[PDB]
Structure formats: C-alpha cells, structure tokens
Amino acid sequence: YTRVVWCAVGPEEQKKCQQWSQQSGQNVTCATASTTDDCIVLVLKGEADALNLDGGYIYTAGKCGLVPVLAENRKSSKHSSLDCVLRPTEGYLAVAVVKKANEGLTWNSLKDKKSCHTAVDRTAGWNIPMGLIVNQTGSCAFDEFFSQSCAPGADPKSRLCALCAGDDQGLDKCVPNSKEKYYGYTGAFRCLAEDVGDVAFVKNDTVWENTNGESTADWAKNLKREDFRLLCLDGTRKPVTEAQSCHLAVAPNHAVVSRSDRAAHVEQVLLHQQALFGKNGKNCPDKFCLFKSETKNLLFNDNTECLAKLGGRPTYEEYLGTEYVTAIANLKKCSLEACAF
C-alpha cells in the first residue's frame, strides 16, 4: 500500500514523472497541474502526496499545514566523511547577474532597467531581491521599479510579464512552469544571456552550470563566465568566482513537502527510490536517473547529489529559518495568520 502520487508542474515535468512511474513499477504515479500553487492544492485535497519546492513555496505550503520531508543536497566541501543522505544542507547563494559589457550597471542603478526572475514567490528570483528593493525604496510599488521584466506568475498584461516569451508558439506567456521559455533558474539566466533583460536573479550555481561548455544547449554553448559579473550590495561588481563575498542572501535548499499525515510514508518510498535512481543508483544511468533532465531542472535540480534527511524534525519555519521567514512576511505586507487558499 506504499504507493506515492507525485505532483508534476507543467507538461515537461509530467513527461519525466511518467518515465519515473514506468521504471518504478507504479510505486510512484503522477498528478499534473499548471502551477506550483495548484499542485499544493492537490496535496491538500489528498489527490497528490508530494513534490519538491523552492523555499518560497515551502512558506506557502507551510501556512497550509504541509511539512518538509527531505531536502535536496548538493556537492559539499566539508562534512566529506559523512554520507550524503545524513549530511547537513548548506543552502545556495542568491545572486544578481549582469553582462560585463554592461558597464556602470550596479545595484544602485537598477531602477528602470530590465529584470529576469525565476518566478513570482521564489527565493532567489523574487523574495530576496524584491524584499531588498522594497526595503531600500520604502515603497510597496515593486511593480514599478524595473521598466520591464519577465516574472512568471505575474499578470500577463503587466510590465512584469512584458519580457516573457511563452512557449514554442507564443502560447502560455508568463505561466509559472517550464512551458515559459524564461521560467526558473535556467530560463531567467537565458533571459540575461540573450540580452532580453539587464539583470537576472538566480542562484550562484546557475551561472556555472550554463557557461564554458557545461551546457550543450543552443543558447548556452558559447557563453563564457568571464563575460558575466555579480552585483554586490555595496555597489561593486565582482567576477562570478567571488559569490561567497558578493551574494544577496543564503537560501534554504529546495525540499520535498507532503501533508503531515503522509510524511512518514513519503519519506520511506523516496529513500528507496533514490537508492534505485539516484546519483550512484542501481539503475542510473542504465535505465533512469531521477536527478537528470538536461539542465532543465525537472522535478528536482540537476545538481542534486541526493535527498537528505532533516535533522531535528523541523517545522517549515525552523527549516527556512527565522531570518528568511521574517523577510517573506514583510514583503507580503505589500501584497500574520492564514492559508492562502
């Protein structure tokens, strides 16, 4: 009776999920929704069991009673003796990236420029940068800071969606799923790489994984790290190698969430699923790899080494931390106690 229903966001994730479902022998089956919020609703209704969420979405799900179950864990440097599944998470660096050729663009001259965001409500793409901007300008009119943007999830007829391109046909403009060309970490970075936007709000890893031949994708194969600069909060610009000293915040890792009454069951299935399809899995790269999808980051981030257990059985507030949680609450005053559904 240990069957788990995963929630896929958009048709590309659905496709990957179906493959996983086939290989799992129906231990995992798939539900699909157009947006992450819709997937959250499916979980609440008990029509789906779980999905992997960015920190920003964990906050939404948390208010509605969903709980973190396992966290994405990437390549470490320390803790190297301890196993991946037991190793603590280090969190990723949220950064703002610009073209080197775009001289004189600093943090202090971002107003009226063109911005690329992963999606509304996400940590590096929205919550961190817009929280900082709202704070600095003392205004809730974050919708009027940049001249134009691609922020998937915003009103398709607003300036916040002006730069979004939609799918292979121009349909689904600004939808918060991989159908939108400039959606997510990869899409937001592509938005910058193609000079549609002036700045991209992504995490540190995105820059590295899509430059100097790390990505064989059409738009990325010719990109060089040296051609990019990170915007620091002190008004300086640094090479992408200096992320440790030039980031906007440290973000809590993406995590699997489920309804609390299903948490234990979801955990045991997943631990077994990754033994089969994880980084060193029995059937990866032979038959299926759960953490691969050609830089598209479908279901999970492509740089995920393993899903790790969470020390101290944390609530959603403890995981994201009190630092990050307070930032979100303040930004959400612009747009204390309620589930948003």
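Only residues modelled in both forms are compared. Definition used throughout: the rigid core is the maximal C-alpha set that superposes within 1.5 Å between two forms. Numbering follows the first chain given and starts at 1. First, how it differs from the form deposited with 2,6-diaminopimelic acid bound.
- Superposed on the rigid core, the two forms differ between these two forms by 2 Å or more at the C-alpha of one listed residue only; from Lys111, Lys78, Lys221, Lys157 that residue is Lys78.
- Listed alone, the shifted run between these two forms is 77 to 79, counting only residues present in both forms whose C-alphas move 2 Å or more over at least three consecutive positions once the core is aligned.
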Second form
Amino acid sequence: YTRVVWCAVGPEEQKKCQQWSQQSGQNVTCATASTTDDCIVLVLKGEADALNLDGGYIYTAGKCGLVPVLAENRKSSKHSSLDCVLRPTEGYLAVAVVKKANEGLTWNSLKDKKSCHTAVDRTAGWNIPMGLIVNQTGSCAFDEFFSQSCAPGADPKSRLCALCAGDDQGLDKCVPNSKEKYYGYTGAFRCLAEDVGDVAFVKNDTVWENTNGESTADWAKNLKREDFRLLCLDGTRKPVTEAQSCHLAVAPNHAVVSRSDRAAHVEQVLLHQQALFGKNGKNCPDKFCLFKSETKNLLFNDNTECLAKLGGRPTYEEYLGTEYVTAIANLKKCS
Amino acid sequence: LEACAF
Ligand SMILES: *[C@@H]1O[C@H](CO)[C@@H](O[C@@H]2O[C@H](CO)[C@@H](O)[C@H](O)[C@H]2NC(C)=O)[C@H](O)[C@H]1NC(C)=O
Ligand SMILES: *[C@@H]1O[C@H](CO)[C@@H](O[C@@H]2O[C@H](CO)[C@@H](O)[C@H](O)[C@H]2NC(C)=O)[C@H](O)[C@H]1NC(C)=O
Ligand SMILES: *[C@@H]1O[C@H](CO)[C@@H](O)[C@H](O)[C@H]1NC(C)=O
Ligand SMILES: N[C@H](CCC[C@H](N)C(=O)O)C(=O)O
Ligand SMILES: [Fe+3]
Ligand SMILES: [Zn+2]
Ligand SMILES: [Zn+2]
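Having seen the form deposited without 2,6-diaminopimelic acid, I'd like the form deposited with 2,6-diaminopimelic acid bound now, please.
What follows is the whole complex; the chain from before opens it.
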C-alpha cells in the first residue's frame, strides 16, 4: 500500500497533521501550504493526496478535476439505526448572526455595516450571502456593500480586510488560514462577539458551539446565546433556536477531495484512520482524536462524528447540488 | 460553465 499525503492549511493544521502522522505510523504524512487554494494546487500536482474542504472550495477543486471522496457527518437531529459511515449527510444551515443589542439591524439594513466572513469563496461565509446580496442589489460591486469587513483571502489593503487582525504579532492580516484571528467559522463568530463587526456569516452550529459554556476559550467562555439573533431573509430577526426557519441556505457538508486516481486509496485509508482516531475511535482520546482541535476546526470540523460514504459515486456537481453550483457560477461572473 | 482557476 501507499502512504496518504494530507494537505494542511497553515501552521496550526500542520502541527495537528504531524501528530496524526506520528500516531498513524506514517500511514498518513503531511504537506502544508498557506491557503486552501494552494493545497488544491499541491493535490493537482500530485504533491499531496487529499484535504477536507468547504463546498465553495470543493467547487474550485472540482473544476480542476478533483473528486469528493467522503463527507463530514455531524450528529443527526433525528435517531438513526444506521452506522455514522452509512448515514446520509444532512447539510448545515448558513445563517447571518448579529447582536440582540444591535436593535435596528435586519437583512434589509446591512448596507454600510461591518461584516465578518469565514473567508472568501467559502459557502456560509461568502458564496451564499454575497450571492444573495449581488442578486438583490443588482450589482457586482459586493466589495463596496459593507463599510468594512474581515473576509480572509481578499486584498489586505481593501475594505474587505480592514477588520481582520492577523496573528499575535499582527502579521498575516487577512490570510485565509487559522493564523488570522477572525478566520473561519469560529473566527468570524469571534469578530461579531467582540463587536468588531455588526454581522457574522457562519453556520447555525457555530453559534451553539461557542456560547453558554460550550466553549471554554477565553473570548467565548462568557458568551450567552440569548445575546444573539439571526437575520431572516424576510427582514425579521429570530432567536438562534429558530435557525430551521431563519437561514440563508442549506450548505453541503465539508468533504474530502482527491485526484480521481487516488480516491479509492484515500477512502480506504481514512475509513481505517477514523476507526482508530475518530469519535469513539479505538485510540481516541488516549492517543489522538482526528476530530478535535480545541474548537479550532483544524483539518476537520470539531463537530464531525465521522467521515461518511457518499451515495451514487457523485461528481462534484452532484455532491454540491445543481442549485448551489449555479449560484456560485452566477456570483463568480462578478469577478 | 468554465475551466480550472489554476
Ligand atoms: C443548530 O446547531 C446546534 C449545535 O450543533 C444543534 O444543536 C445540537 O443538536 C444536537 C443534535 O440534535 C443535540 O444532540 C446537541 O446537543 C445540540 N447542541 C447544543 C450545543 O445544544 C441545533 O440542533 C441546530 N439547529 C438546527 C435547526 O439544525
Ligand atoms: C442569484 O440569481 C441568479 C439569477 O437568477 C440565480 O440563478 C438561478 O438559480 C435558479 C435556482 O437554482 C435556477 O433555476 C436558474 O436557472 C438560475 N439562473 C441563472 C441565470 O443562472 C441564483 O440562484 C441566485 N443566487 C443565489 C445565491 O440565490
Ligand atoms: C498502517 O496501514 C497498514 C496497511 O493498511 C496497516 O496494516 C496498519 O495497521 C496501519 N497502521 C495504522 C496505525 O494506521
Ligand atoms: N435559502 C433557501 C435555499 C437556497 C439554497 C441555494 N441558494 C443554494 O445556492 O444552495 C433555504 O433557506 O434553504
Ligand atoms: Fe462551510
Ligand atoms: Zn431553507
Ligand atoms: Zn452521478
């Protein structure tokens, strides 16, 4: 058999990967790049095998020939007799979150406010809200809608990066990796929690996982869910318990991609590696837990219960869904 | 309806 070379995005992911590689007896080894797009190029060159991706990144990777292999599956809202690996994935809820104290703000008054995004090109943080905004405004100038934003991956001198904070030293402002304080689901929700932005584009789970003591991290440890609201497309505001009826879209779960010629081998190695290090894995928590990273969602989301098999050997457009694909393509016409 | 970004 061959080793699987994973691609880690930024140095925190690389440290986690190196621990996984040590635990796996080098069944998995690590390449690292500074951004997800750069990891996609490593895998296109054959210098890495796979990484797990948000759906917006699966689009980029899929246009370049990489294929979905396994998808993240989080705990299901309904009881299922099926093993996690065979349970159909449910998709996550993209939402717009604000503070309850910021009383005037609705979907219809977002113009000229301060926004917090997971990163350019990601589903809940970017493709869904900016796709909706370009369509409702009839303008491609989405870079001028919010007065200032943190949208990792954008031009660091531009208003889309003006709220980003970089690392402890203030280096790497706006880089689309975990070194940027406001990157990702947790960083964009911390950008709202600290009142750097007025609105954060994240998913429902983020709000729950980082409030009411579900996170012990310093910036989160004291946040209360009741201090947040969701913005609904009909211009109303709801408590965060109401995400099912107040979301922007349902997103396809993050999933692992690879070259087509290495998909089968990546799939077999991951199914064995989660049996060891996955949730209730043989060797988790004693030795190593593949789906933990102290809330930082490194390599996989921390709420992942398993990687699941895909039904119907789907292409990347079947996995993303025709509608989501079309919405991306419409939005990328602006660029 | 278009190609790889890289
Ligand atoms: C919004 O996300 C939260 C967090 O994932 C979901 O709440 C979890 O739901 C699971 C599965 O039902 C429960 O067993 C967990 O205990 C809940 N977590 C917490 C921290 O309360 C919530 O279901 C999601 N809302 C919607 C509409 O999907
Ligand atoms: C933004 O608007 C475009 C243009 O209407 C949307 O594209 C359409 O999507 C629907 C539903 O999937 C399709 O039936 C149409 O065929 C698409 N039209 C075009 C011209 O491609 C797109 O869904 C909207 N974006 C968002 C995020 O809702
Ligand atoms: C390494 O992979 C080989 C071949 O599948 C297997 O025999 C061995 O158990 C694996 N070990 C770990 C620790 O992943
Ligand atoms: N807003 C709708 C569905 C739109 C999903 C579509 N915009 C996509 O591109 O995925 C929802 O509340 O579920
Ligand atoms: Fe996502
Ligand atoms: Zn819906
Ligand atoms: Zn098919």
